[PDB]
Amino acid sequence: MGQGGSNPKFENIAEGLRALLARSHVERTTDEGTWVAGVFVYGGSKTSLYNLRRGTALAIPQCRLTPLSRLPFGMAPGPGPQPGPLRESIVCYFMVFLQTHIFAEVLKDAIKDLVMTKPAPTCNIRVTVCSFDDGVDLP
């Protein structure tokens, strides 16, 4: 409990994940140790996502997290100096690198469940699994 009865918001995400994840005991790492799956977390707001990320990190020793970056526009990128492909929105994302595909499915389902418990914009954070066809070699 912190000074005056409360904990930093990411400390509460870390614990909430620890609980959801205590429910499923799938494997987290391989012998190969290769980074083949991930979760792409996007939307919310930069502070909702700085907070989710800082918590994923304390809750899961076994993942590696990117910084937050901005996302491009989809369907009809605005007016632009820059070519349409390169034009970036103010929606941020971050990625979690993982070594098994089921831990990625179980992580994505715990982020879904946790954020739905929180108020906007946090409840509006979206998440998707991804696999990397040749794996990523993180340095």
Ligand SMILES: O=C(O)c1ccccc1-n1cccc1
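Positions refer to the first chain, counted from 1. Superpose the two forms; the largest set of C-alphas matching within 1.5 Å is the rigid core. First, how it differs from the form solved in complex with the ligand.
Summarising the superposition on the core between these two forms, the listed residues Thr47, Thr29, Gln82, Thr66 contain exactly one with a Cα shift of 2 Å or larger, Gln82.
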Contents of the next structure:
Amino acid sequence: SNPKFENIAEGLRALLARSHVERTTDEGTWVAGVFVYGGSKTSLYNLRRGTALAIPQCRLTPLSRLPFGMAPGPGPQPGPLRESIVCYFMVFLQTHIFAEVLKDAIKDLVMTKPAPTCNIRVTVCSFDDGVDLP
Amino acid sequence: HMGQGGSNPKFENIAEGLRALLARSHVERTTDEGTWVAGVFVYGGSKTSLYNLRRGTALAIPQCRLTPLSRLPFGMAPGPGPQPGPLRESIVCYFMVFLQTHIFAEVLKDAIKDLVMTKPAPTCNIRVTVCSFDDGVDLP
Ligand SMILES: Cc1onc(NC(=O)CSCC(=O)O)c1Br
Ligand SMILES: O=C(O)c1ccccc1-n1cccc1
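Now show me the form solved in complex with the ligand, since the one above was the form deposited without the ligand.
All chains and molecules follow, beginning with the one already shown.
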């Protein structure tokens, strides 16, 4: 009944179908992920809903906001708590190999869409000691 | 320093405790590249204890950048909800710290672990792990 989220799910599934790497481990620990950001709040939200449908094996944070980076010039840097309008969400995964596959699928999916969707960025991330999701 | 009535806010005391621990480690906090390639992922405790830790971390460390507080999903066997399992939100909170160096992320992870162990529950239940971002995060 949510055609927008289902159409994103189908786009992701079509891309993820090219790979057969393991998505879970016997340990079940959350040791990798994909960090997804930019675009717009709504385009990220839509991508998050489609990711949830396409990947039952992942876990997702809500959207939240990124802080600023470095400011050019000699003027003051932003304080560490200052929030931008750029949003992000995190995908938690049990294998790094599937994180890499998902990162590539998200990149390939969003580049076929108009702005602001094509401005979504993604990087793999790893958690040294894992994240003990509750 | 001592505030009115012989008390400081918890976040100020966190900042001072972190400053003391971090002074033990003379490691690089920035790079010429300036890229945000490392982090610490801080979670658990309670919303109030994380609130104080986040505010104290900011005060102690100008070289870092912090997300707001937010919520974690469940791991195995999520709780109920009308939406898919991967989206269901627990009551456990988290924040992230972005950093320019891997070594300082390690030092900060150790400092937070050491500091929260000296506090009463629920602060001592806060968890932390280093993280790394393969391609960096292009903070705005
Ligand atoms: C910021 C922001 O932008 N969209 C969001 N929603 C979710 O991530 C899932 S629904 C909960 C809600 O929206 O309050 C949030 Br939080
Ligand atoms: O809704 C979005 O912005 C979106 C997000 C991620 C991937 C595809 C999307 N899309 C865009 C048009 C049709 C699908």
